[PDB]
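The residues making up each chain are set out below.
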Amino acid sequence: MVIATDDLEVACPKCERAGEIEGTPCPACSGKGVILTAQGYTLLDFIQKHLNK
Amino acid sequence: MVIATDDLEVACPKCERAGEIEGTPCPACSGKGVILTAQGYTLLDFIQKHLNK
Amino acid sequence: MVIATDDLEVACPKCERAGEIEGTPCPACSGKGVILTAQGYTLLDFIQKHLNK
Ligand SMILES: [Zn+2]
Ligand SMILES: [Zn+2]
Ligand SMILES: [Zn+2]
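Chains as they are written, first to last, in our numbering: chain A, 1 to 53; chain B, 1 to 53; chain C, 1 to 53.
Keep in mind the hints are simulated off the structure, nothing from the lab. Some clues are possibly wrong.
A pair counts as met if it fits within one copy or between any two copies, since identical chains are not told apart.
The list that follows gives simulated cross-link-like pairs (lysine-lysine, DSSO-like), each with its CA atoms no further than 30 Å apart [what the hints assert, rightly or not]:
no., residue 1, residue 2
1, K14, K32
2, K32, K53
3, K49, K32
In isolation and in its complexed conformation, chain A is listed as follows:
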């Protein structure tokens, strides 16, 4: 394990572990516990072609 979720998902401004903000889904994430980044999107968008596309 040389890579962590820090290079794919980053903790949101408030809902990085709560899953919600102010009672509603955070503008960046919605109950995920972080947010997607350039790498995460590449590793997700690419897999979205062989998994969901």
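Position chains B and C with the ligands against the provided structure of chain A, taking the given hints into account.
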């Protein structure tokens, strides 16, 4: 982001942005916008076990 | 390809190529042909949010 789609998907010989060739899907890709490589297959084939397998 | 399945999945104690043990799947992995690791889980668990979650 320290990694790009270049280490997973490479532009096809002709259909790297068109998604098709001569009205027909490229022998390597079929409207994807690139092609899969050894790394892409490992990162896709491995996820195909926890997503599609 | 600069990465292999060795940084995501490793051969199990017995069912790394058999896919089964004593007539039953390995306690650590099922007829998969290996086992999940910390990296594989991160690359799978993260994709499990954009693919299965
Ligand atoms: Zn958020
Ligand atoms: Zn092609
Ligand atoms: Zn096993």
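Each hint tested on the structure:
| no. | hint | verdict |
| --- | --- | --- |
| 1 | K14 / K32 | within (12 Å within a copy, 36 Å between copies) |
| 2 | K32 / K53 | both (22 Å within a copy, 9 Å between copies) |
| 3 | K49 / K32 | both (21 Å within a copy, 8 Å between copies) |
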